[PDB]
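Before any questions on how it binds or moves, here is one chain, the form deposited without this ligand, in structure tokens.
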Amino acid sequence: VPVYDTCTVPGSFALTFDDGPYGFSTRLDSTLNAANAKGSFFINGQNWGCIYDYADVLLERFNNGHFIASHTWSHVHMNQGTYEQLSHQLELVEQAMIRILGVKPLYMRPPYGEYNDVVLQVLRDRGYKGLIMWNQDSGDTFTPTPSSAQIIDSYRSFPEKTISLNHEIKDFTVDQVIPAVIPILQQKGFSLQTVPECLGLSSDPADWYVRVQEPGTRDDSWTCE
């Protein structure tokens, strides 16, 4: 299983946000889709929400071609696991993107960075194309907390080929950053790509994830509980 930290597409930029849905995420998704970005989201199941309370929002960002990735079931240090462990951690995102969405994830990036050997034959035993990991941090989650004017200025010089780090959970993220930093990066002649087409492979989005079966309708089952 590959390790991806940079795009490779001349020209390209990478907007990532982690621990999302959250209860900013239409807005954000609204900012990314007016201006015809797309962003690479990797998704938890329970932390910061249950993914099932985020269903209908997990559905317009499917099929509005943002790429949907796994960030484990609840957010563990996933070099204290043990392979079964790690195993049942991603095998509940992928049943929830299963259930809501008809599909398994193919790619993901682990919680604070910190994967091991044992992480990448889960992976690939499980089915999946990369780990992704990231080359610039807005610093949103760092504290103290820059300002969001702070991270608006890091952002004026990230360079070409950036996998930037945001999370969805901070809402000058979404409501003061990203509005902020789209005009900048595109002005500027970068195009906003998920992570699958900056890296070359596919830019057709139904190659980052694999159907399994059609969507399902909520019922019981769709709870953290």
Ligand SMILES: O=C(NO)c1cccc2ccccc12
Second form
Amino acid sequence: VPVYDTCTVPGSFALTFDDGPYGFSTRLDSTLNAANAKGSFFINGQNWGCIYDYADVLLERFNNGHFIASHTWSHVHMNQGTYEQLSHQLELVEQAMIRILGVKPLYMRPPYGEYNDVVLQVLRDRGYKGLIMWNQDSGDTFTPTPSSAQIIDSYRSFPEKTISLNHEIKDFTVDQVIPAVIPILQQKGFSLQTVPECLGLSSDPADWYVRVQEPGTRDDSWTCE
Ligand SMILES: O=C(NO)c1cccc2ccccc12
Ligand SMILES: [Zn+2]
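Form deposited without this ligand done; form solved in complex with this ligand now:
The complete assembly is shown below, putting the previous chain first.
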């Protein structure tokens, strides 16, 4: 399975968001959509909320050409797990996306950016097409944490083909950083693309997933208990 950390499409720029969805996701997607900007979202199953409580956000996200990929169910340190536990950690997210969206993800980003040969083998065995890292960090989860003004200023010097790490669980990333940096990046000539598109893989959203069955209706299996 290939590991990617940089776009290849001239002029592209990938805004990426980990650990979501969260209570600010509708705001964040509204801001992206109003600018025709596409985000890449590496979601959790049970971490900062249960993925099934976010089904409506996920469906809006899915149908608006945003890229949805796995960040594992529980946000585990994957270098610490057995093959089986990692298969389970991925599987649970696949299951939720199958129930809510009808599809399986084909990509993932490891929690903490930590991975090893076992992770890569599990991904290969489960049909994944890539492990997505990044090449610039917003710093929105550093501690102590930079100000929004500092983060925005960092973005003024991130170059073309950046894959930028952000976390949708941070209110200031959603409400201050991203509304400021979308115009900065678009006005200087960058095209705010999903990761697969900026890698020269497909720009068709249907190519980022495997269709499994029709989307389900909410029932009592839509739970993280
Ligand atoms: O999982 C992460 N971002 O989504 C993450 C990526 C890179 C470094 C980290 C350090 C502490 C906690 C999390 C992370
Ligand atoms: Zn994370």
